[PDB]
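Here you get one chain, nothing else, as structure tokens; it is the form deposited in one PDB entry.
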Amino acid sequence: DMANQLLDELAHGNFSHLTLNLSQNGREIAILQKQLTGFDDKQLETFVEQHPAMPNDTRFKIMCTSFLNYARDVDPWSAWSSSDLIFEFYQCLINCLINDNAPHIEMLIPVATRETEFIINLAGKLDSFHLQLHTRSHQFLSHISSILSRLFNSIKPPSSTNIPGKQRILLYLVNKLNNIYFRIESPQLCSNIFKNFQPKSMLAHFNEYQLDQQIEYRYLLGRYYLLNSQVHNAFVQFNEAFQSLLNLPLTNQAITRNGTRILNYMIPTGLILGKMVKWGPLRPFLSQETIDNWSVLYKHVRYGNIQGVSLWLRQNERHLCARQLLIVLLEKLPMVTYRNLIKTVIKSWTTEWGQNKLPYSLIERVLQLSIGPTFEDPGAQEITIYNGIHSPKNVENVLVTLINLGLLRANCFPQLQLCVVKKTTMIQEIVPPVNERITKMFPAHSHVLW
């Protein structure tokens, strides 16, 4: 008899064969259904209850009965055809961990983590083919996230040698949940999980959590910040995450790939803040194509070519959109670019030639050269975010924003139509180092939360 053997295993809390994955434990499952097949669905549940050594907990019993149902009804040929069983079970499993002193929790948590990975993958897969399966968009991952969020809620800190199982998995849960949130179209909901994270954690310092979990967390948080255009906040996190990844001596492919994943966002973010990357160190995680690309962009920004930046963003539009990088760059790069453009002009015009005041017409022409043709100009066939935003004519405006952003020290006179700068030989007095200024104007939160 298989049923009773299992029920015994479970009762005692071994949980060796309590799994949905049919790679391992497939044979037992195959056997159970048939013994199970004869039995009525209603009959089996009492069966579970009537079994000896069974904890006096409604939830545990419900969970066991659920698993039996799964074993009885499961169709190996299709995970979809038996999704209901799977999800119902998983639900039951997870809400067996709510009660902090629930039966076998400690031996149950490890089961939950392993099954979670399985159910997420399944949910993900299913959602991707929702159109074909005639299922709602993100229907399953959503359900999962709800379940996990309830679990997340259930967690609270209250010898001092060993941490409870729930506490140990808390960070893992956070990252899982957040990843799901990003996977679903709406990642705003992360904010709730973040702010409630610390309150839920027993551990004194963030350092006490596993390094990989730390890195993923930082990655996600950074992405979250960037979603809200809070560039600096994102940058610190990215940089912290990549450093942490670097110092990790182990070089598995996963490691390097994740490193790349971070780099993808870090490279752009830094550029906005006026930070450039030494490629040598990043050579192992990035293809030459990537480097070259980001490089051409770097050139564009550095030498003050707006049209370049536009065309660059244009070429990489779709990919950039895929990461929510298009808009932020589109909006935030032009000023760094303008700074360099003006800085170049100023250095030659004033420091080299000792000209204190520059007429608007001059900057106008320079801006023409830098910006290229506008949608209003001849040979244009369309209005776009690449030919609509920037115009050569608005000299004063660009000067003004440059000044207000603290990237340029000057005074403009609308009536005179000329800008004025401090008569000096040192360029950095008139056009300070960009990163320091930007960061000064926009400081970040604490680098390590604990």
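Between two forms, the rigid core is defined as the largest C-alpha subset superposing within 1.5 Å. Positions refer to the first chain, counted from 1. What changes on going to the form deposited in another entry:
- The one residue among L246, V296, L133, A322 whose Cα position changes by 2 Å or more between these two forms, with the core held fixed by superposition, is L133.
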Given for the second form:
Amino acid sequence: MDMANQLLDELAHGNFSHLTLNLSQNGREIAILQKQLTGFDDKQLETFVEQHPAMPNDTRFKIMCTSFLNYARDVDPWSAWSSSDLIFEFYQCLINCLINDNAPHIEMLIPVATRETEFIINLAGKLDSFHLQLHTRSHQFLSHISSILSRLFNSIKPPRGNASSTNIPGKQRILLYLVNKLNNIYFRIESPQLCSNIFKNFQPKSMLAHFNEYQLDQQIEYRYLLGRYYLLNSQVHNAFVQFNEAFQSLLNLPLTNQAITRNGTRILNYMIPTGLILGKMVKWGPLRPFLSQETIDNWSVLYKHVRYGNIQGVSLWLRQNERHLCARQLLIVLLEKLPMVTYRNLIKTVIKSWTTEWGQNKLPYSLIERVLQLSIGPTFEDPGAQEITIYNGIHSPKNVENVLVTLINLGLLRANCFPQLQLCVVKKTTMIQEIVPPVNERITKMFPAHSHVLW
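Show the same protein again, this time as the form deposited in another entry rather than the form deposited in one PDB entry.
For this one, just the chain is written down, with no partner chains and no other molecules.
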């Protein structure tokens, strides 16, 4: 039997059972096809498609069918590189068949395209790892895929304001799927800022009235990537609400698979430090299934240092954790934004025993310098610290006023300061929260985040 003629019959009628680049699914059929297609030249393969009786009269669809015959004829299963031109050519031809919303068989093709997208992404990473041997630039393959998926994303149009039916076309059903695949790629090629256009144009293209109408797994991953994108731009609160909702939604998933535990862990790796910057600390109970005891112990040490105002302990903790923190883009933001929460707690204790207990309204700078001496410890100027570091070069006990000024400007300390009297005055009261309000409320009121529920 002429299996090429059989294949084209299937493709012409939207039966794509065998239209796949995955030989672990397609192998025996492709092998038979390769044997039978051997001997026919490119123009002959093209003609087989052009003249096939039921073939949709669509240029891009025939290009795609022909591209697959070429692939089947010339594929070398022993060499992923040698076969790659056929594989990536066909994939591009396949996605091109989705650009027109009224393309032939587009609805049957949507599942094919997602299936093949997962295949080609994996193959692209494989080949990109050999870029030096292949004389290609870093991420050239996977970046080519991002461009293809980007053109597809741009072709998805929003619903007509007065649509005649509720039908969710395939391109809309995979809108968030595509957003996440594309943004994941941009993160993997180490260009996360390319997510900007994707994030910006996601909601305008969506036909669904509520973000919660998408699959919950796609929601969670979206919030995960959006939270990371925010955190890359140091927008801590904007990131927090996404990580926090991402974990909440995940807790609402049945833990059918281990990958869900590990995905929850991925969220917590960012939700914990993000919340800490905002003055929030987790209850480990609901987190036990997703974190090892050691990771809990580790974040609990940092919790202790921040909670009680030990700047030196925070810096030591960041120093010890530097490598993996850099890998998750967490070191700088924590280095920068943990201090003032730690300072707040430092002077919180000071004001508690000094004002609330001992009834002293005035804070002499000399006192706070002594407190900072204990909290900061060593500095770039001090002996034994010949070389400047991000851990000894930022915080100094000498800059009492500066610390207090920023605490007051962030709204974490309600106080007046007298530079020529070298003291700051708090309100004479027994209620500590009147002088040092709850951190999270203050920060979140100064930096209101966008609606945690996107829409």
